[PDB]
Every structure is written in structure tokens, then in C-alpha cells.
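Chemist: Each chain is listed here by its residues.
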Amino acid sequence: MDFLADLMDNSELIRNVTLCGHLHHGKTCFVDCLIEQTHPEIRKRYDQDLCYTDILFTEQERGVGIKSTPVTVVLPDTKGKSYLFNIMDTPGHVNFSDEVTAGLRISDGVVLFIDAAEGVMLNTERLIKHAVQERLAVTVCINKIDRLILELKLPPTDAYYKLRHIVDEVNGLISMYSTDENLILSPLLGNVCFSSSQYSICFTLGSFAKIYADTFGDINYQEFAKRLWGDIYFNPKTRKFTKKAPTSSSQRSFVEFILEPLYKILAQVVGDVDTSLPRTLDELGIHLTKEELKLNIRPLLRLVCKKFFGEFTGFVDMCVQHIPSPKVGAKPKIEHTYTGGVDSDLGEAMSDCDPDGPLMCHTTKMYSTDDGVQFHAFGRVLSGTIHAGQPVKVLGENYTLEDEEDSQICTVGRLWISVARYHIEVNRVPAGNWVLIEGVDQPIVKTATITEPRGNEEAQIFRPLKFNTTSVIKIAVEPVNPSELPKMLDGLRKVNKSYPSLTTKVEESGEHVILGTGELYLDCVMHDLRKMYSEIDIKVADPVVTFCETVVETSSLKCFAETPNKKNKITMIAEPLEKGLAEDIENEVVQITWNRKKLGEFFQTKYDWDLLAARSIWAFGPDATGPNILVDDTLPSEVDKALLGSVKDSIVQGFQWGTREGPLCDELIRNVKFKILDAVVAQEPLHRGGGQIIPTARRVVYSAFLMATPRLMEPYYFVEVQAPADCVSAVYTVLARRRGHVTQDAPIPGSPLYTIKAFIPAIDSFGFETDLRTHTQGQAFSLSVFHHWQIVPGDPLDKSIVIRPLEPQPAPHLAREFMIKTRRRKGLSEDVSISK
Amino acid sequence: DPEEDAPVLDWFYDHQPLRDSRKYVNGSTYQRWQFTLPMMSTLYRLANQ
RNA sequence: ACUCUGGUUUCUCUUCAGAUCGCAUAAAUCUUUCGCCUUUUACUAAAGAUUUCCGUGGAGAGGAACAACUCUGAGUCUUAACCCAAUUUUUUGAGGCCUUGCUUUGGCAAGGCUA
RNA sequence: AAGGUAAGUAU
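Those protein sequences? They're chains C and A, same order as listed. 116 is the number of the first residue of the first sequence in the authors' numbering; add one for each residue after it. 196 is the number of the first residue of the second sequence in the authors' numbering; add one for each residue after it.
Bear in mind the hints are in silico, worked out from the structure with no lab data behind them. We put the beta carbon where it would ideally sit given N, CA and C, even for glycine. Keep in mind that the hints are not guaranteed to be accurate.
Stated by the list, open to error - Far from chain C, by Cβ distances over 10 Å, these chain A residues were calculated:
| hint | residue |
| --- | --- |
| 1 | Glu-199 |
| 2 | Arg-214 |
| 3 | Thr-224 |
| 4 | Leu-232 |
Claimed, not checked - In silico SDA-like pairs for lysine to any residue, Cα to Cα no more than 20 Å straight-line:
| hint | chain 1 | residue 1 | chain 2 | residue 2 |
| --- | --- | --- | --- | --- |
| 5 | C | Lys-442 | C | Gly-462 |
| 6 | C | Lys-405 | A | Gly-222 |
| 7 | C | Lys-409 | A | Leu-204 |
| 8 | A | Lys-218 | C | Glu-406 |
| 9 | C | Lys-712 | C | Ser-765 |
| 10 | C | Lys-196 | C | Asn-335 |
Hey, can you work out the whole structure from these sequences and the hints?
Modeler: Here it is in C-alpha cells:
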């Protein structure tokens with residue numbers, strides 16, 4: 116591993132790769148193939164699939180990737196030049212997109228794994244969008260190509276058609292999400308791998324042409340690879356490739372030279388091992404011992420393909436020619452993630468990726484020890500070299516240039532290079548690499564930034580992870596023994612550390628809350644919290660989603676509020692926002708950092724907003740990208756702007772607090788526009804302090820929201836179901852009972868399975884997958900992800916509604932029951948009087 | 196049927212079939228068996244019920 | 001295409017068994033919880049710990065049969081017709097002279113002169 | 001399967 120250590124010092128020979136894709140698409144099996152390539156003593160069992168990255172017992176028992184597992188290996192390319200690959204094996208389940216997001220931050224490129232039998236599934240599209248928006252290089256690896264042969268039994272022309280359709284759909288998705296023309300993915304460009312991780316098949320056009328060149332000779336494999344795809348027919352008469360088929364039954368070059376040999380190889384083993392297999396192996400130059408020809412059909416296929424295809428070089432060619440090195444990709448990484456940007460002195464220094472310089476390591480994942488007591492931060496070294504025993508300054512997530520309180524000085528303990536089951540204990544790690552850091556557990560929660568303890572004051576932090584999904588499922592947790600509450604709290608902070616998207620909060624009633632993305636996510640969280648960490652019995656409440664509050668009409672009364680000294684009066688109203696405006700604000704289409712001219716132009720052009728009103732916007736939402744707008748509609752002729760602006764920060768903060776904690780429940784306020792009509796401001800600066808304006812602003816926000824007709828908004832899941840033709844009716848029946856409506860049921864091209872797309876409420880989605888699989892005998896599998904917020908039917912404030920104890924309420928009674936029970940669980944009053 | 200059941204027809208319905216065929220068994224101890232794919236397919240078709 | 005390598009089957013024996021000993025699955029005993037309770041012998045059904053039984057694998061040893069038949073691996077895995085060179089050696093135009101520095105002298109170092 | 005033997009003396 117000395118060559119591995121020396122390879123770390125050369126940032127040009129390093130690849131930071133994230134393996135991403137839908138659930139059970141072969142990513143883990145592909146990493147197992149790579150490890151088997153690099154580790155001779157690690158061999159997959161004949162029947163049991165080796166799962167080298169799946170080190171968690173939950174992952175082994177569930178058979179589903181849960182947490183990302185880093186792998187650092189030395190992988191030779193086609194030309195025999197060894198590289199240093201930092202590979203992240205991100206889980207493919209849609210509920211665990213937080214691990215994918217954490218992996219994408221410390222990575223420069225993306226290898227997208229797609230099942231050959233399946234099309235482009237939900238998580239495939241979601242991760243394509245995330246990787247494009249994270250400004251990463253995208254490379255496709257169409258896996259499980261053996262399915263098209265041994266399972267679908269398609270003709271080679273139809274296998275080519277299926278692969279081409281997959282590539283076309285991926286290209287369309289990338290074009291829709293991105294704008295760059297050079298993001299077209301095609302095996303001719305070297306962006307696409309065809310692989311079968313079960314049988315150790317992995318090749319591009321370049322590598323397979325290299326196989327030809329090594330066998331036949333006198334062939335330019337680089338030039339021959341440019342002909343092995345598309346409608347480029349081969350003419351045996353002229354020995355040249357033409358775009359026109361020379362004969363009626365002429366096949367494509369890809370089919371004739373790649374798919375036909377693959378079909379024949381996979382057909383002379385599964386059916387003709389007894390006779391004509393040794394002849395075929397001799398024709399291919401493959402020699403197998405007597406005891407190796409006695410293996411079963413599947414191990415025999417794996418061995419034959421390992422002999423014929425050898426090492427994995429097409430994948431390495433893809434990741435070297437298209438995924439930029441840390442030095443090359445540092446500048447877009449700093450431009451996107453770093454708060455200061457590339458313009459800052461450090462931002463310029465980061466783009467150099469010098470192993471000697473200002474240490475700035477960004478960690479996005481935290482891996483726990485065997486006992487669970489200690490956590491090891493894991494992240495990329497973006498500048499400088501970290502050392503064992505070296506003190507460091509560990510910036511937090513609220514750290515800024517002003518406060519400098521979120522940071523903390525810590526001593527770096529042992530350092531490791533993590534490869535799944537074993538770690539290489541190192542003494543130093545240069546820039547552009549991935550390192551396991553110990554002795555840094557305590558100050559790090561979620562993401563963090565590590566810098567030198569002294570000498571670097573310009574150092575800001577990196578932007579925290581922007582997860583692709585919102586954690587809306589909420590479960591309450593209490594210990595069986597109330598005397599063991601501190602142990603449960605320690606377990607809660609541990610699971611918060613170990614889960615990027617987890618949110619543990621305490622309600623005003625003392626109820627501990629865990630926020631999750633789905634049933635499997637929270638099941639894994641609870642299993643961890645019980646078995647590891649806390650090591651105590653814990654009671655779990657019934658899962659309940661988190662709601663949001665909006666207004667469907669403008670407030671009919673000019674609500675007013677006054678400070679305790681009565682020297683300041685604010686008049687405000689609340690009205691619903693325009694359709695699609697809240698989504699644009701949340702999606703960072705428009706930012707608070709924009710100058711007022713461009714903001715006004717955007718609001719006037721794309722939303723027909725008046726110039727006077729558009730240029731008067733004060734703040735956005737509860738947070739910087741919150742889906743609420745505060746508009747200063749005060750007439751300048753009535754109230755002095757300079758006097759009004761003296762308390763602008765305080766009223767903005769009060770607005771943000773009020774939109775964070777709604778009147779109806781302690782829930783976020785969404786899709787509400789607030790207009791300041793009259794604002795009497797005191798002249799003396801003692802009477803217009805923050806402690807007076809902020810509560811008054813919150814009270815006036817509450818009054819404006821309540822007078823306007825309020826409604827509860829609930830999260831809706833988007834569900835993609837893989838079911839056969841006969842199981843679609845059962846899917847319809849199951850979705851009907853849970854307020855779910857189907858938006859699309861389209862057959863999968865190249866497969867007999869259908870895909871039903873539907874929207875289901877997140878509160879009716881509990882047990883939805885279990886019901887779907889039980890009612891369809893396991894033939895219908897579904898994945899649910901949060902899509903949008905929808906208004907709960909009924910009137911939340913209707914006091915005439917009667918709620919039965921243990922009976923589901925009708926549609927008009929849904930909002931009232933939701934609000935009452937949410938208030939009861941939160942510990943607030945029975946109902947909200949409009950007066951307050 | 197002599198046509199489709201040919202891989203198994205000769206030694207089927209015999210006590211310890213292929214016991215003396217050293218190609219398909221280790222020996223008279225009757226411990227291991229190595230069967231060709233046609234025989235396995237014929238047996239699989241004969242046992243669909 | 002060269003030379004050495006030297007089995008398979010079967011019957012016993014002695015030990016070690018992680019591993020689904022076994023892709024199958026019994027019984028007994030003991031200690032706890034029950035269910036029947038009225039005393040044995042039977043039991044009810046869960047947990048825990050044992051023992052026996054029906055079988056199994058590896059290795060070792062000793063007989064027998066086909067003992068004579070060949071393997072695999074290693075060893076260097078050992079040959080001529082007609083056709084050929086601007087990136088590493090049988091076709092490759094790479095020669096000589098001089099200057100000055102310098103070496104105890106021989107020579108070396110750089111430059112110049114070519115044809 | 002038992003907790004269902006009369007204890008005898010004669011032949």
C-alpha cells in the first residue's frame with residue numbers, strides 16, 4: 116500500500132467518485148467486483164453475494180444499502196497506468212438520499228448506475244437532478260446487462276434498442292436539468308459503461324476494442340471504439356463501416372461486434388457447458404481447469420467473464436477521461452460550495468489544491484466506532500495536509516467572521532484511509548483526498564469545516580448540505596424507564612450525528628421528536644438508537660407528518676399591533692402568494708442577495724408585479740429561502756422611509772420568527788405574502804429596540820395570518836410502483852383507500868412490468884408499501900419521496916367539528932382534527948383564539 | 196417419451212440410478228453426482244407438479 | 001513440441017468438526033414460566049442448559065480392487081518456404097579537422113570548420 | 001399403563 120500512499124501526493128492521479136443510482140442496481144456489487152479485482156484474498160462466495168461495503172448488520176439483514184461506504188483503491192486503466200480512486204458507495208433507496216448528498220459534496224464526478232432490465236427509475240432521475248445541480252460530472256454505467264440475455268431473452272438488436280433508449284432518456288433528463296451542451300452522455304464519447312456486476316462484466320467501447328486489439332492485433336482500439344455504436348453498419352466486403360446497411364439483415368456495429376459475442380458467450384455456458392463450451396473457450400483463448408469446469412452455471416459465468424474481460428478498465432477510463440481530478444475540479448467545487456467563493460484569497464488558494472498550504476478540510480459524514488462511543492469525521496481535504504497529533508480549528512455550521520464562537524480547537528488523533536471493512540492508518544493526508552479523522556467528534560454535528568488553529572482568520576465555512584428531500588415524517592420517542600432519559604438524549608445526539616438529514620427537536624411539552632424521510636429511514640434510525648448508542652428500551656409513538664399553514668384569502672381586517680411602551684404601531688395584512696412563487700423562492704431561483712433592480716424586473720416580467728410593489732420586498736420566508744414574502748407597502752408620503760428603516764432588521768427578524776412558528780400550530784408558515792400598510796416608528800432609539808419591535812412584529816404577523824382565511828398544508832408523497840400488468844388494479848385499489856390518485860400508469864419499454872406514478876398523502880402513506888406488496892403477493896414494489904405540500908381539506912378553525920377518539924374523520928373534518936391533535940401533542944392550548 | 200425424455204429414459208425408475216456410471220457418480224458409495232444440463236432440464240420438466 | 005511428475009474406486013480404523021456437520025429434523029433429562037391439576041407413568045407450550053439417537057464433513061492410518069493406465073503442473077513450452085525497416089540494437093547517410101580551457105603527461109571539457 | 005391383589009387352610 117506504499118504505492119497507494121505515494122499516489123495520494125499527486126492530485127492529478129486521484130479520482131473522487133460517487134456511485135449513485137436507484138435501489139438495488141448493482142452499485143455495491145460493482146464495488147465488490149473492484150475489491151475482488153484489487154484484493155486477491157477476498158473472493159465472492161459461489162451462491163451468497165459478497166457485500167463488502169455493506170458493513171452494517173442492518174444493511175446485511177435488510178439487504179438494502181443504508182449508509183455511504185467510502186472505498187479507496189488503486190485501479191489501473193486500459194493503458195496500465197494505475198490511479199487512486201476514492202469511491203463512495205451511496206445507498207440507492209430514496210429514503211436515504213441524505214447519504215448521497217453527503218457523498219456528492221466531497222466528490223468531483225458521478226457514476227450513475229442503471230439497471231438494464233429496468234428503465235430510468237425514480238431515484239435515478241432524482242440523483243441525476245441532484246448531481247447536475249451540484250455541478251458534478253455525470254457518467255452512466257448501465258449495469259445488469261446479463262438480465263437482457265439470461266432473463267429477458269431479448270434478441271441482440273432489441274438489447275441494443277433498450278440500451279439506446281436508456282441512454283436517450285438519461286440524455287433528455289440531463290438536458291432538461293442542465294444547460295451545458297457538453298453534458299451529452301454516449302458510449303462513443305466514453306461516458307457510458309455497460310456492465311454486469313453479478314457476472315463481473317464491465318466494458319466500454321474502448322476496452323472491448325482493446326480486447327480485439329490484444330487478440331487480433333493491428334487495430335487502433337481508440338479509433339475502433341468510435342465505430343462500435345450507433346447506426347454505423349459494418350460492410351464485410353469493403354471492411355469499412357458505413358451509416359447505411361450493406362445488406363437487408365445487416366446488424367449494427369455494436370450488435371455485430373459486442374452484443375453478438377456477449378450473447379454467444381453467455382449462451383454457450385448456461386446451456387452448452389457440457390458440449391461445445393471447451394471449444395468456445397479455446398476460441399476465446401480462455402483456459403479453465405478441470406475443477407473449474409465443474410462449477411455451477413452462475414459461478415462459471417462469473418469465472419468465464421473474469422477471464423475474458425479481465426480487469427475493470429472501461430470504468431476507469433470513464434472516470435479518468437470524464438471525471439475531473441481534484442486539481443481540475445477544485446474551482447467549480449469552491450465556486451459552488453464555499454461561502455466566500457473563489458474570489459477570496461483562500462478561494463484562490465483552494466483552486467490550487469496544494470498539498471502544502473492552508474489546511475481546510477470539509478467533512479460531510481460521521482462514522483461511529485464499534486462501541487458507538489466515538490465518531491470519526493469523514494471528508495475531503497481541499498487544501499493543505501492534515502497530520503496526526505496536529506491541533507486544528509474545527510469550524511461549525513453557524514460560524515461566521517463576526518461571532519467565531521461555533522468553532523473549537525481540537526487535536527487530530529489517528530488518521531485513516533477508509534476502505535469499507537479495513538482502514539489504512541496514515542500519518543498525513545495531502546489535499547484532494549478523503550480521510551477518516553478522530554479526536555474531532557465533539558464539535559462536529561452534521562457538516563463541518565476544519566482549518567489550522569492559528570494563522571487563518573479569513574477562513575469561512577462551506578455551505579451546509581442542501582438535501583434533495585425534506586424530512587416530514589415525525590415520531591415521538593420516550594424511554595420505558597423515565598430515569599434513563601439522559602441515555603436516550605445521548606442516543607438522540609448520536610443518531611443526529613450519524614444521520615445527515617435527521618432532525619431531533621424537543622417540543623414545548625417535553626416530547627422528543629425525530630424527523631425522517633420514510634418508514635425505512637425511521638425504522639433504521641430507531642433500530643440504531645435502541646441497539647447501539649442509548650442501549651436502553653425506548654417507546655415510539657405512532658408516526659405523524661409535519662404540517663404547514665397557509666392562507667387562501669386576503670385578510671379582511673387591517674391587523675395592528677403595538678409595543679409594550681405603545682410608542683410603535685405596525686399595521687400588516689396577509690394574502691396568499693402567486694402560484695409557483697413559493698416553489699421558485701425555495702428552489703433558490705431568486706435570492707435575498709439579488710439587487711433590487713433585477714428582483715423587481717423578475718417579479719414584473721414573470722409575475723406581473725407592479726414596479727413600486729416589486730422593489731419594496733424586504734425579506735423572504737422564515738429563512739433565506741423560506742416560502743414567504745414580506746413587502747413594505749407603506750406609502751412614502753405617509754411614513755418616513757429612513758425612520759422606518761431604523762427598525763427594518765428587528766421587524767424582519769420578528770417576521771421570520773412568526774413564519775417559523777405559526778399561529779395555528781408550532782409549524783412553518785408557507786405561501787403567505789405579508790404587506791406592511793402603516794408603521795408608526797418612534798424616533799428615540801431606546802424605545803425602538805429589538806426586544807420591543809420583534810415581539811410586536813411576531814404578534815402582528817400572527818394577527819394578519821389568523822384574520823386571513825387559514826388552511827393546513829400537508830406533505831404529499833410521489834410514488835413510483837413497479838408492478839406487472841395484472842397488479843395495476845390492486846395498486847389502484849390500495850391507493851384509493853389512502854386518498855391517493857394516480858397520475859400515470861405507463862408500461863416500461865423493454866420489460867413486461869408497468870410503472871404507476873401516483874400522489875399519496877404522507878400521513879396516509881404509513882404501511883403503504885407493506886399493503887401494496889401484500890395485496891400483490893410481493894409483485895408490486897414502491898418507493899415514496901416527498902414532492903409537494905397540499906392544503907388539507909376542511910376548515911381548521913371550524914369549532915363546530917366534533918372529533919371522535921379512535922375513528923378516522925371524514926374529509927371536511929380532516930383539517931380540524933389535524934390541528935387539534937397537533938396542538939395536543941405539541942403541548943399548546945386546546946384551540947387558538949383569533950384574538951391572540 | 197423416447198424423444199424428449201432420452202437424457203433420463205434409460206436409467207430412470209431404477210434403484211439408485213447411474214450407480215455404476217462413473218461419469219455421473221463418484222462410485223458405488225453413491226455420494227456425489229455430476230449431471231449434464233439436458234438431464235437436469237428433463238428432470239426439471241418431469242417434476243413440475 | 002520436448003522431460004519429469006504417479007492416480008481412482010472400495011472396505012475398515014483413529015481423531016477433529018468451525019460450517020444450514022443435516023438446504024433435513026427426533027427423543028430424553030434438568031431448571032424456570034405456564035396449561036391440566038388428583039397421585040405415578042404419560043403430558044400441555046414457551047424459554048434456557050444438557051444427553052442420547054438417525055445421519056455428515058475434513059484429516060490421519062491400515063487393507064482391497066483396475067494396477068497399471070493416463071493426467072495436471074513444472075522444466076524453457078526447441079523448426080525451414082517467399083516477403084522488411086527513420087524512434088532503442090546485422091544494411092542505417094553519426095565522418096574528420098581545429099580552437100581554447102584543463103589533466104603531472106596521456107586525455108577530458110566546450111566551441112568552430114564541414115561535404 | 002396403573003393408583004381395582006382379601007389374608008388363608010386343604011386337595
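Chemist: It remains to establish, for every hint, whether it holds in the given structure.
Modeler: Right, here's what the structure says about each hint:
1. Every C-beta of chain C lies more than 10 Å from that of A:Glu-199, the closest at about 16 Å, which supports listing it as non-interface.
2. Against the 10 Å criterion, A:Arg-214 stays outside the reach of chain C, whose nearest CB is about 20 Å from its own CB.
3. The non-interface label for A:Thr-224 is consistent with chain C: the shortest C-beta to C-beta separation is roughly 18 Å, beyond 10 Å.
4. Here A:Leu-232 does not stay apart from chain C, with its beta-carbon only about 6 Å from theirs, under the 10 Å limit.
5. For the given pair, C:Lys-442 sits about 13 Å from C:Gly-462 by alpha-carbon distance, which is consistent with the 20 Å threshold.
6. At roughly 19 Å between alpha-carbon atoms, C:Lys-405 and A:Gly-222 fall within 20 Å of each other, so this suggested pair holds.
7. Between the alpha carbons of C:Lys-409 and A:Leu-204 the distance comes to roughly 24 Å, so the proposed pair goes past 20 Å and is violated.
8. For the hint pairing A:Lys-218 with C:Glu-406, the CA-to-CA distance comes to about 14 Å; that is within 20 Å, so the pair holds.
9. Between C:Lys-712 and C:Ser-765, the direct Cα distance comes to roughly 24 Å. Violation of the 20 Å bound is thereby established for this hinted pair.
10. Pair hint C:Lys-196 plus C:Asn-335 holds up; C-alpha atoms about 18 Å apart against a cutoff of 20 Å.
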